[PDB]
Amino acid sequence: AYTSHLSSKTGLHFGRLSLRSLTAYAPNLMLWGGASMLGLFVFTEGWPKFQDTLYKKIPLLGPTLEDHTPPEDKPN
Amino acid sequence: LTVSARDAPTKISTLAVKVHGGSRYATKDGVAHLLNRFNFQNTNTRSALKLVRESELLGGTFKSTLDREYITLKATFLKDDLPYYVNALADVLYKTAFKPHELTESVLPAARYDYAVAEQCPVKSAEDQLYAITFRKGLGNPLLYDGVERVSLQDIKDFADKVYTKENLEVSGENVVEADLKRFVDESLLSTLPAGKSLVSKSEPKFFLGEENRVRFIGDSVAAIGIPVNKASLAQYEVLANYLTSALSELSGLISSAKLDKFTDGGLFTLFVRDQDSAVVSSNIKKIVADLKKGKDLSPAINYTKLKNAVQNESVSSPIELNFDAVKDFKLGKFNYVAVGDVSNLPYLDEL
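Keeping their order, the protein sequence lines are chains A and B.
The opening residue of the first sequence carries number 2 in our numbering; numbering runs sequentially from there.
The opening residue of the second sequence carries number 5 in our numbering; numbering runs sequentially from there.
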């Protein structure tokens, strides 16, 4: 036929960020969240509270981190 | 309001609204160029940004071309959205904004760019000189705005009200269903345009012969001869232009360009000889004018110029349908001469 009008909606946006760009970006945002969580798992490894809660629960690297000094050669 | 269209089984249509509103009908120097650069700006309803950003998604572009006679508003599109472009050309003709901030920000820089580009070429400078000394106040108006007289915004509105009138333009659609085009041009604003008079005169343009102009120019040097021709003598100078452009002539190695500009009441045959150093231009155009004042047999170029005329004529919407059959001989009479560039070494009109 013949089309006289261009039918379009105005999208959803907050000036710069669009909903379309947010949905296109969101899984890589989840990947960056996971990458930053691995970065915190690196830079908090020596923390013995995070070792006790998290890193000693690991199967192959968990009992590796804990020490085996008896309470006879520890001064405190 | 003459609507014509030539249907075809293809995918792309072109629409063209041709006004008789080029530089020939300009009241001041360059109003036609400024209106042409003011064509596809924003309207009273739809902006110019909305025009481009809707027409791209529909699939076609626009282009306003300024001629020596017409102003052509062309619009190229996929076939199945013709009423959008009919209504868009209608909105452009009927209701343009003509805002002063649009004059200062878009139209004046675009016209200054067009004028700088056509100023850098001495062939267009010599063509404008040859027009302006063949005919004086008619076709010899300047094609482009240069600012030697103050063209204001109100003058562009006045010239547009004079020129964009209902009996002055013609709608022509290549690859358009013509009955559909006539239904869409009506029920639009082309039918609500003012039915003014047509500015096409039916008389002869009152030419002048033997005039000579000289323009200094830093760069290349061209020398140009130019003959105003009438309606009975259009085919002969057509076969002459294709003879000197063609490989039948012995002067094609010397001639840079040779073309006949045709109008509905006459024409101008313009021959340009352009080179870097003025001695080559001098020797070349002395040989051109001597071997043209001595006669030429334009009988061999007839079947060649039927071909080149059909090639050039299939693009345009208004053919003039020349004869090409009674043309036998040519001998150069009087002619107008411009010299652009190293102007103290290009010859004068007496030495030719």
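If you are wondering where the hints come from, they were derived from the structure by calculation, not from laboratory data.
All residues carry an ideal CB built from backbone N, CA and C; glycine is no exception.
One thing to keep in mind: the hints can contain errors.
Computed beta-carbon distance windows for the label pairs [stated by the list, open to error]:
hint : chain 1 : residue 1 : chain 2 : residue 2 : range
1    : B       : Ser319    : A       : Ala27     : 37 to 45 angstroms
2    : B       : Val121    : A       : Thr24     : 40 to 48 angstroms
3    : A       : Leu39     : B       : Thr108    : 34 to 42 angstroms
4    : B       : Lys170    : A       : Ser5      : 18 to 26 angstroms
5    : B       : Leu157    : A       : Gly34     : 54 to 62 angstroms
Item to check | Those earlier numbered hints the structure runs against, lowest number first | outcome: Result: hints 1 and 3 break, sorted rising.
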